[PDB]
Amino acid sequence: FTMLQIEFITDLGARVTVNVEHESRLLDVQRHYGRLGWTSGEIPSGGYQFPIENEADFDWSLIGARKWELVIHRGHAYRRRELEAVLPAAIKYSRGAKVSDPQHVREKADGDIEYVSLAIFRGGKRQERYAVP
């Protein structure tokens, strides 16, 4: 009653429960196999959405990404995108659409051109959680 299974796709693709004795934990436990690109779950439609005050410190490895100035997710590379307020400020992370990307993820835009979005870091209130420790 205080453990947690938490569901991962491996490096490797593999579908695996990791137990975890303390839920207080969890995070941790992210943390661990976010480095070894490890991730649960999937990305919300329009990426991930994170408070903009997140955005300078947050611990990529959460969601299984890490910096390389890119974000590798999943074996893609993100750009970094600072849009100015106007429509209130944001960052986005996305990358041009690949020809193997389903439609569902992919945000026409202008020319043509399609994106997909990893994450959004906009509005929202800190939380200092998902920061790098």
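Positions refer to the first chain, counted from 1. Only the largest set of C-alpha atoms that superpose within 1.5 Å between the two forms is called the rigid core. Compared with the form deposited in another entry:
- Once both forms are overlaid on the rigid core, the distance between the two CA positions of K108 between the two forms is 2 angstroms or more.
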Second form
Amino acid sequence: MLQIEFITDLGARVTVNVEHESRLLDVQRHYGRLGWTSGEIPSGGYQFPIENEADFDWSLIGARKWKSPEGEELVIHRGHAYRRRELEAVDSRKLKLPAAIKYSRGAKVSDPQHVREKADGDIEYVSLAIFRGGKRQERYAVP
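Beyond the form deposited in one PDB entry, can we have the form deposited in another entry?
Just the single chain follows, nothing else.
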């Protein structure tokens, strides 16, 4: 018997009961499709396997995909638009990382300091999700 705390699309603080733990993600999906979110966006965005990027179920984190005119695939999340960006592989010693897909947006004046991120060569940003390495998990994909 689990409980999960949500923030509705109206910003209301709501708690749902979950009969069995195994149903947790399906419940996040169910309320996430309505724009409901649980928790804050993790430091540097949610981190997922690269192989989950192309068919990721954005409703899992209360987000949705929208394709703009002039052909551009955006992610909307709590009233913010996030853009799909490429991150190059990292190469040095001692850190080697494969390339990544980053969904992110400019930091606005109303963004608190703990959600901001800064890398050299560009201005600060706020990241929603980073798809890098790992191994595909079916639970992240649209059913």
